[PDB]
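Starting off, we have a lone chain in the form deposited without ligand SAH, written out as structure tokens.
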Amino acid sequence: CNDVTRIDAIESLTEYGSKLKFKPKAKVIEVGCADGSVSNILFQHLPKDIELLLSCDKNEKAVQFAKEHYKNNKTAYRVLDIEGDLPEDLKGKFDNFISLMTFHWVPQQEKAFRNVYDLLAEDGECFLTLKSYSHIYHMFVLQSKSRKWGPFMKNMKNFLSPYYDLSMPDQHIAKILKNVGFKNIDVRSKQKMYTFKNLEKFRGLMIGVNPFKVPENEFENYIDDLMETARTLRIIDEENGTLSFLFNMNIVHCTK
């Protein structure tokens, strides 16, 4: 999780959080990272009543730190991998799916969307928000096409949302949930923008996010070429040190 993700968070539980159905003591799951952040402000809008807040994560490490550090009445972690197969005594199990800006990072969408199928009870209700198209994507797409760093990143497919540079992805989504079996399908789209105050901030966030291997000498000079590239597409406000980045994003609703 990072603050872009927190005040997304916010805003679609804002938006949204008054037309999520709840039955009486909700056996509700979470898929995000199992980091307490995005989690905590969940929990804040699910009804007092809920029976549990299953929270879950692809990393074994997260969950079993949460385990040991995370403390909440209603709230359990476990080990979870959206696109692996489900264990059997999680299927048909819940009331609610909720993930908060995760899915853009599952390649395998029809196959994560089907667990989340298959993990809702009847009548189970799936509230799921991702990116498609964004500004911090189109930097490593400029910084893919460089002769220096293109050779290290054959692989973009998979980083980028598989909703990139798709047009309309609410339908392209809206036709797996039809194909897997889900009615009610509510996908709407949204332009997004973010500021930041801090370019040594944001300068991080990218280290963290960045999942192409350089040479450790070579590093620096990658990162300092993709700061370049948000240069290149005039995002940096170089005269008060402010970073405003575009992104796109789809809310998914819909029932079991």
Given for the second form:
Protein chains: 2
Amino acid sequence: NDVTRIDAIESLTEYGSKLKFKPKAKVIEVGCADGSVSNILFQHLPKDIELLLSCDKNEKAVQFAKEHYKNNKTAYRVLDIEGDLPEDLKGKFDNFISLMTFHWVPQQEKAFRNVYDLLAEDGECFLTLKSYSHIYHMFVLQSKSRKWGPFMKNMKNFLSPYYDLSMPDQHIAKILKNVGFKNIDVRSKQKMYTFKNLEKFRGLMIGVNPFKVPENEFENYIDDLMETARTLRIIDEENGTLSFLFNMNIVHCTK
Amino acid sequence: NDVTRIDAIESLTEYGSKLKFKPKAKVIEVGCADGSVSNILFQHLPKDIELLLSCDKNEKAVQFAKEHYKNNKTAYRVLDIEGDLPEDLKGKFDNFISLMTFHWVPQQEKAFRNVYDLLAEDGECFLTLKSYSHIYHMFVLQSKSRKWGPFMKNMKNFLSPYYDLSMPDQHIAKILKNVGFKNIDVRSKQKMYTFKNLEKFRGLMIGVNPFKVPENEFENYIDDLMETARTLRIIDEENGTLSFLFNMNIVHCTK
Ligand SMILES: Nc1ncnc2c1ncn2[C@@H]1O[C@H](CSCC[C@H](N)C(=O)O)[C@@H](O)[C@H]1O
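Same protein, different form: I have the form deposited without ligand SAH, so give me the form solved in complex with ligand SAH.
All chains and molecules follow, beginning with the one already shown.
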């Protein structure tokens, strides 16, 4: 939540001047999770806007957002952007935003067709997503191991679709062009983030981890996962810091 | 070097239409004094240009080229873009080209202000350089061993200056502004390259390796360097194929 939080802010600084909102714009954010990043996003949108609808596949995250982060301008909804859109949303939106979400979506063409179908004419789309990452690579090392590999077979659906692609900016631009977008700008960025608390970090690994292993093996599984960061030598053992690289892709496009 | 070569193509193919030459262009190339990449330039170079001066730091490499290589519209000059230019070359060039070289240049600011000086008014520059790489990262693992650490003191200067920076596009753009370039476009790229046979890859690592070890220990040092690729798990032992990742930056700038 702190990696994506700073990336959210980083991305909206860099692209603030480039992102245009018509007067009284309907904005839809996808992947609002708990809504603490939805709120930061909201403080960066123009006052003029009519609606920020924030969406997540996670019904429990959407409920927490309603309880805590609601105001007269925002509403929340359970929505799978890989699934079929509800009729009343089709064509209603001036601006579509998705920060650090689309790397969780395996069906990229389907999802981008649904972004398109959501937008009114001259809609702008603004996305950020991971390709390569040192975090993912930690999981890839784990999956090689004789012990943990049998429980890590859904690995490709967890990794960014762009983890091992050459020129993912151009693969994305192609999908977008093909779906029917215009003014397609895809830009790749190399990011570095430094963790200062190794206890907090192990917690985030347990948090990001999607593989089910036997309960009795779970502490060992996580121990070996923490060893993969020592293997890549991205832990600094004296000063208790972990600094990890990840590639970001920023998408800006219009209907 | 097939890395450098396959970068050259993708670079110039993705940026050909955008790269502008005038009639009678005086063109300077900074890299290796192998006409290999000068040939692949020539397809993307317009036919009406007057001169191509292809320079390199390496005395032996120039001597060999002017001896053996033969395009009559091509000269070879020993030049160091980290050193102080000869007065005869200042102001004299309409296009500067350097593919996959500037990652070897620690004094980045000195080098871009030399590229600035070599141009005439309205001159254009085209650079590609490496930031983060699995190849670099392999050497970083080696550097951290008790046996080899001592022989690998000079890692800062061997690694790209951008190996571990967040957003090298912004760092490069700033230095370009500060030297006085205009219409500054810097794009980062996530690239992947697959070696088909691992003896050609052992070839390249001896190629790029700058550190001196005792001649009786050298086969042990490279063997241990090859092991780091099994540690990162970028070798597929079933096919004898190694896939690895490298971040690059493409600079397009006008004087
Ligand atoms: N297909 C899909 N449709 C909608 N939400 C999805 C989705 N796939 C994943 N998500 C949700 O998107 C979120 C991505 S986690 C990132 C949180 C937030 N976007 C941020 O910038 O911090 C998760 O809550 C996940 O449940």
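Residue numbers count along the first chain shown, from 1. Note that the rigid core is defined as the largest set of C-alphas that superpose within 1.5 Å between two forms.
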item: Of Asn40, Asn221, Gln64, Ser189, the one whose Cα moves 2 Å or more between these two forms after core superposition; value: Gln64
